[PDB]
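A protein chain is absent from this complex, but the other protein chains hold their places.
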Amino acid sequence: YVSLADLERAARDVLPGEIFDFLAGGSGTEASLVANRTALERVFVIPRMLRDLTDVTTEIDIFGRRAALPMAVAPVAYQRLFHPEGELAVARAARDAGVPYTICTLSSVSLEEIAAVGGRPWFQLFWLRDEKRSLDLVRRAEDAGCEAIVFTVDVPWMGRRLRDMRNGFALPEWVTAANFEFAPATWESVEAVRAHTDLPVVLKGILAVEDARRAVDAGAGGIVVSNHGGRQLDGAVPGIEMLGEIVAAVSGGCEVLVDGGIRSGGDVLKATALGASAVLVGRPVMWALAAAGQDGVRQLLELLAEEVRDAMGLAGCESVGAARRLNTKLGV
Amino acid sequence: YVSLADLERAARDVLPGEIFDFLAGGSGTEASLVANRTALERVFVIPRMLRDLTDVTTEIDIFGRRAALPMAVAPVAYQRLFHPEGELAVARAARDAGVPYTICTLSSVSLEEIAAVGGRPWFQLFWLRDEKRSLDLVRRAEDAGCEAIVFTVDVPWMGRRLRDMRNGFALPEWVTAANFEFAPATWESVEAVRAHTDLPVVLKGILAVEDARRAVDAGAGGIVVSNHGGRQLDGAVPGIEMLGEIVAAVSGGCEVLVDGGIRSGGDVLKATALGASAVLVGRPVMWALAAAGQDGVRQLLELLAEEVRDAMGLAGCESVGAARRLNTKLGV
Amino acid sequence: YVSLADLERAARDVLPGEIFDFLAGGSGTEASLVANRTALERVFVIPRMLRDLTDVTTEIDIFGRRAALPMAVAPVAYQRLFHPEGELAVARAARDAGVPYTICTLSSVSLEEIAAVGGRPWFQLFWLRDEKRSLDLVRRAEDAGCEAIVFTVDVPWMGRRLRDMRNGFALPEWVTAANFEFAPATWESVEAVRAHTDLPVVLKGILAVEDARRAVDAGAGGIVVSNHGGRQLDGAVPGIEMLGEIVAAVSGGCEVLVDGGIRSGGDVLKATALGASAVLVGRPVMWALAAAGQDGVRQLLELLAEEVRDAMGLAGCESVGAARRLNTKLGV
Partner (left out) sequence: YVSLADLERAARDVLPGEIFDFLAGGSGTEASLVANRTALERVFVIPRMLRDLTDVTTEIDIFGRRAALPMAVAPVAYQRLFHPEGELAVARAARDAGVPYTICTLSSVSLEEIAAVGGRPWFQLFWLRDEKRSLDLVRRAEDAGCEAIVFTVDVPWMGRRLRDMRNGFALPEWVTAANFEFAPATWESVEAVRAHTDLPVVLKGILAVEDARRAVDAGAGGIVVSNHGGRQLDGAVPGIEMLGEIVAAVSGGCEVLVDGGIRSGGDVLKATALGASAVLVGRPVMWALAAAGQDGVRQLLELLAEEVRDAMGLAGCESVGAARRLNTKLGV
């Protein structure tokens, strides 16, 4: 595989159409899904030349741990849909690559089993009608050694997934929510989580500048600037279009991650040049899992690491910090 | 039907080609028709997160009545072209949905019959060569319980409808103007109408900012920012491109509606975020009428209501007022 | 014929391919040719409503004569290529429509014969290696009753017409330059012409603002803002993109015409709203001549007059002056 796009072709060959559509699809007309890609394609980097590249490093420190790349595996529900080893296959590959893996509230293997794989696991939280269940998940995650709580704030309820409605998609009987209904979360919910854990709380799905600022004021350790991969509000701005403004507004008060459409090391470099601390990658990780299980995810992460290192050095950056100081230009 | 676009396919299957073209078409090269869609597609919403959504309401108060959604059925001439029940089928579905229905001067069922259906009917006025006939229509509408007069100001004469000219389109003998020639209207005409009724006068087809201001000064209760669905001046700016500027200029002095190309609850949300009080929807209502009569219109209005509620809540808006405070970003 | 585009189809059916290509083609990659159209398509008009339209008039006064529309027939060489009656067919139709016709230096019927048709003829001048020949043409034109000299300033030599080179195009033996080598013209040439005639001198092919200003200072009575229909410099800006700036800079000091890609009454309205005094129309007139001779040109001019009147009134303009006061908005 020489690009992330070779894996999409392979995943489409193997998965049942309705599962491929659950993975690929977005809400509504899929305008936000498409715009995630368009928005990245319009960003060009202004590389620097003739800098010292004797020891290029792609590592970052985030949430108190060193990561091998400025990237983590995004939360994706129900990974046994894609391969029988599901979350364990992905978590193992992420561990071996030194990349954080986000364990989902809707994981198809229990969070404690996935955490036992090792590595840098984070835990993604959905707020539930029964509040106590959400807070018990947080405590379970912490007890299992998760290192951050990624609170998803953009799903008061699931968006309108027309592919899924047209297909009549439902989980097969062999895939369940192994940790066991959505309730709208509020800033009060954020505070209840912050009070119940010593782990950094990361709010995922922030797009308004004033929500980024309020996240810092609320004691968040990070945010993920994100439109949920075009799966929630159809017509929501891409995160990459808000990122620069958000990074300026928080002025270092929390980590600022971005996601949506990251498909190469070059895209990682764009995100960092716009100011991101790190990116999340969702669909491509699942393409690799579908295509070739743990080995497939390993191969994807190896390719991404090579592309990140290549892009960084070609742009004159010996570190991710230097990459954040790059300028960009919008084009056609 | 899971989107408004499923109904277009169904209407195209059933209607005679020349009737489908009377409905779908615009003037000239159809540049303004296409631009209505392009203009909406370029607008992205910046949603807010973590707000209280315990009681999301899509209702608005407009022209002294509560409406279920920030939407009304646009005036569309000759609805018996599309289904034998014509305007009565649409008006009944609108009533049942709590949406205002605009009875047309060129209705194929008499305005008094349509008004007898009940609901929130408005009445659309064309100025006629015989002035007295226009003013008699106003009095008839008021006597029948219509709640606003929507004075169409963008049709001094009908535009050049090339599909209709190529098809040699004419009304079948079984479709007539049941209320019974266009004369250019002026500001004097507006004043003659205002003096002849106690109902709110709404000027439909305003696109220049200074015409919006003058509408307020003239005593209008509302305007509809509109290029008549691309059917009048070919090359007229889309209403959605003028809306923000217009809303700022009138600074709350009248209701500011918009139309043209509204095809989802997401589009309704864009219009409100740009400042609209409400939208009109034309062609999609007729697609539903063609496809399945009253039931079809009911299904469309149910789908739109679900999409509006979904979009609002995903954007952190418990009310339409909150949606008007959302920011937007233009994209690709 | 219900649009100018119906005539292109008809002309393409009848003309030999190499003649159609001589007519349609531009220089180089035809980037400027295509951009003439793109540039007009991006301009939207902001129409005004509720104005008096009791006596809409499309007339203008230009170069001391009343014209029926704000349009003239552009200079096009060798019109016997397109129809056996050539320039006489076009000139007769223009006369009957009350539109000025520009007689070309490279006319395939002598300028005196065309002028004898009557009407409002103008004369287009090429500067020649033998200066005296150019100045004799001017005197001949004036003696024959031409009312303006349109000095073409953008053809120091003919551009690179790749269609013509690929086709090996040459004039058939039955088409000649009936008035009988290009020399670069300079401001000195302009002055020599101005001194040799009492007619208004119009400089055709101006695109830089400072050249427009200098034209006024040089005593020009008009300019034509133009990239020669994309036939000269490939990559020259469209005239329509320079027009507003030019109109502001000359601040009424001469008439400012535009050409390139005008294909409807709506396009005429755009040009006027951008500030043009009038437009020239080239290729469409020749399509009509190819399709149906004098009658074809008459039909085209009738259609254009109807479209201009329609566009004007739909935009709230009772006169061309009012149309010049319209605002525009650039779109997608």
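Should a chain be cited, it is by its letter among A, B and C, assigned in written order, with residues numbered from 1 in that chain.
In the analysis below, a contact is a pair of C-beta atoms (placed from the backbone, for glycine too) under 8 Å apart; a residue touches a chain by one contact, two chains touch by 3 or more.
K.L.:
What chains on display are touched by the one that is not shown?
P.N.:
Within the full complex, the chain not displayed touches A, C.
K.L.:
Using the definition of touch stated at the top, determine which of C:170, C:208 or C:248 touches the missing chain.
P.N.:
In the full complex, the listed residue that touches the missing chain is C:208.
K.L.:
Per the definition of touch given earlier, which of A:47, A:118, A:219 or A:244 contacts the omitted chain?
P.N.:
Touching the chain that is not displayed is residue A:47.
K.L.:
Touch as defined at the start, partner being the missing chain; which of C:14, C:162 or C:322 qualifies?
P.N.:
C:162
K.L.:
Which residue, C:185, C:250 or C:300, contacts the hidden chain when the whole complex is considered?
P.N.:
Of the candidates C:185, C:250 or C:300, C:185 is in touch with the missing chain.
K.L.:
For the full complex, which residue in A:14, A:314 or A:322 touches the chain that was left out?
P.N.:
Answer from the full complex: A:314 touches the omitted chain.
K.L.:
In the complete complex, which positions of chain A touch the hidden chain?
P.N.:
Touching the missing chain: residues 2-3, 5, 41, 43-54, 264, 266-267, 269-270, 307, 310-311, 313-315, 327, 329, 331-332.
K.L.:
Where does chain C touch the missing chain, residue by residue?
P.N.:
Its contact residues with the unshown chain are 28-29, 31-32, 35, 38-39, 42, 153-154, 156-157, 159-160, 162, 165-166, 184-187, 189-190, 203, 205-208, 211, 232-238, 241-242.
As a working rule, only the chains that are shown with their structure count from here on.
K.L.:
Which chain's mean C-alpha position is nearest the mean C-alpha position of the whole protein set?
P.N.:
Located nearest the centre of all protein C-alpha atoms is chain B.
K.L.:
Based on CA centres, what chain would you say lies at the far end from chain C?
P.N.:
Most distant chain from chain C: A.
K.L.:
Using just the Cα atoms, superpose chain B onto chain C and tell me the rotation angle to the nearest 5°.
P.N.:
Angle of the fitting rotation, chain B to chain C: 90 degrees.
K.L.:
Rounded to the nearest whole Å, what is the centre-to-centre distance of chain A and chain C, using the mean of the C-alpha atoms as each centre?
P.N.:
Here the centre of chain C sits 59 Å away from the centre of chain A.
K.L.:
Counting in whole Å, what is the centre-to-centre distance of chain A and chain B, each centre being its mean C-alpha position?
P.N.:
About 41 Å separates the centre of chain A from that of chain B.
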